[PDB]
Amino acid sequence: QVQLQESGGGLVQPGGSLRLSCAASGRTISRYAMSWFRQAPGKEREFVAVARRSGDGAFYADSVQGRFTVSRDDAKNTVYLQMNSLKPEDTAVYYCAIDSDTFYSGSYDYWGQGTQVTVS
């Protein structure tokens, strides 16, 4: 009874900036948590980012510490992701992931199509 969609895309170029967005339909985000994941050939199912309810602390993957900007809109129930200084090692599919557990223990069940990003 939950679903989400990701917008944006396009053939990116190294050294540019990106503005990804994911929005859920049929369910809110004030009570739930949220995360971002990456899926790449050879090494998929890799953690990227997570934030729970309001900004009590947002956690990032080790190799992308600080390079990602996450902004939330509870009224629009949307997440925006800001990207700068993009290195050519970002060729993968970005997934906006929802966890149905209020304990924030990581019960991620919905995947969707995400947004594919190919760098050169």
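Positions refer to the first chain, counted from 1. In this text, the rigid core denotes the largest set of C-alpha atoms whose superposition between the two forms falls within 1.5 Å. First, how it differs from the form deposited in another entry.
Comparing the forms between the two forms on their rigid core, the Cα displacement of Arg67 stays under 2 Å. With the core held fixed, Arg52 shows a CA shift below 2 Å between the two forms. Superposition of the core reveals a Cα shift of less than 2 Å for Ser30 between the two forms.
Mind sharing the form deposited in another entry? What's above is the form deposited in one PDB entry.
FYI, this one's just the chain on its own, none of its partners or other molecules.
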């Protein structure tokens, strides 16, 4: 049951924002966690932000601290990423993955297709 889709992409010049939305129809989004990943000029996948169940909270990384915000938005099963400030170093192809285990072990099974964001 792979339903992950990404809605975003642009060439935003320094400053500005680019809202990102992961839409899924697996109907189990209300049971486990999301995760955001990015591929940088260095050919390696890096972790951006994670949203767990309701009330469990959201955890960020050292490159998005106070600049990226992840929102559950369980109304339409779409998880949101807001990027307040962008710089040339943030150019990266973005991917969206789901958390399988209910105790947050982190065995990532399903994945996404990816979108490119050529900021600055």
